[PDB]
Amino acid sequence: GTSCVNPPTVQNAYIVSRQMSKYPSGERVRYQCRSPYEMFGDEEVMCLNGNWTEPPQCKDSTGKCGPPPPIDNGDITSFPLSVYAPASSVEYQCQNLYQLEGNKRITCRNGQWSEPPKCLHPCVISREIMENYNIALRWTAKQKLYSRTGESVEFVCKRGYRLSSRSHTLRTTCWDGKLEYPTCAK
């Protein structure tokens, strides 16, 4: 219960202590930054009862940033340079049906990018599940096969069924692929 695995990945650094698959509590992992990066924080990261202590960073001493980080199901809306001046910004776009969460723009400050956004998954609305659970969509308006993250999806029991005594509610919010279905019974 108190050993650790997977020492933190530190960009522009390598580990110079001996690597192993499981680190006992108390083991110290030592990082070194690649030239010409400057280290910030402690060069050693210890395993304390299953959690690592805080890792260092290896940054450009003039505050420049490297390429912006990739994000799942999204991409930047410009050519990715190898080097950005401090205060430069870039922006992201999510793929079709994905929902951007957080600021679409990131900025290079103090040698690191501000937090990029996420692209959250749409939810499948399964015909087969609905059939099996005796439910349908309340608004048969266009053929919505998917909901977007953040959208309410409302179902009804099919003609002649009522909500099963332990069912989820008939209205639920799609979130990052998660849709809770209700069930109805004769």
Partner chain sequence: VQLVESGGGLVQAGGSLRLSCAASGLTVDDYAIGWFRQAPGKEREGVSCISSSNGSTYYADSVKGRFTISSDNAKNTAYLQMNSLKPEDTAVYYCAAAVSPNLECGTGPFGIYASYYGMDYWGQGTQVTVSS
The other form holds:
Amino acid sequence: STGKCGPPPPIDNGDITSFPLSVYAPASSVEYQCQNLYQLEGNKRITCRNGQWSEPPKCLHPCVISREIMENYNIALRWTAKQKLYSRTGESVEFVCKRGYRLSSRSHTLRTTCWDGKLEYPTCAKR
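And the form deposited with the partner chain bound, for comparison with the form solved without the partner chain?
This part shows the chain on its own.
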């Protein structure tokens, strides 16, 4: 009845940068920060107007390379100066076939893009 707000809403894989308060004023704002390796999409800052919050942001997942899936598809991580066992969203992972195997002639390039936890793995088949 005076423009005040409850706590800001929680988000997966991120938190607010400030001390959590029971109550915020009209025109208050809080900024959010994504956990290390997550990528913030949307408005870093939300504001308390007319007793409700502007829409929070989203923390976009990195892709964690799966030994299980690579095994099933006869591939491995390509050896590059930089490629670790994860990728940030938007970063491209390069794969190579197992010794003995060549790219499946229905398959995705060996280079493929991390997108919010999701990675299309290529397939190789025996020569």
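Residue numbers count along the first chain shown, from 1. Each form is matched to the other, and the largest set of C-alpha atoms that superpose within 1.5 Å is called the rigid core.
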ask   = Is the C-alpha displacement of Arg171 equal to or greater than 2 Å between the two forms once the rigid core has been superposed?
value = yes
task = Indicate whether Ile135 shows a C-alpha shift of 2 Å or more between the two forms, with the rigid core used for the fit.
result = yes
inquiry  = Once the core is aligned, does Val153 move its Cα by at least 2 Å between the two forms?
reply    = yes
Displacement in Å of the C-alpha of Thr107 between the two forms, rigid core kept as reference = 0.4
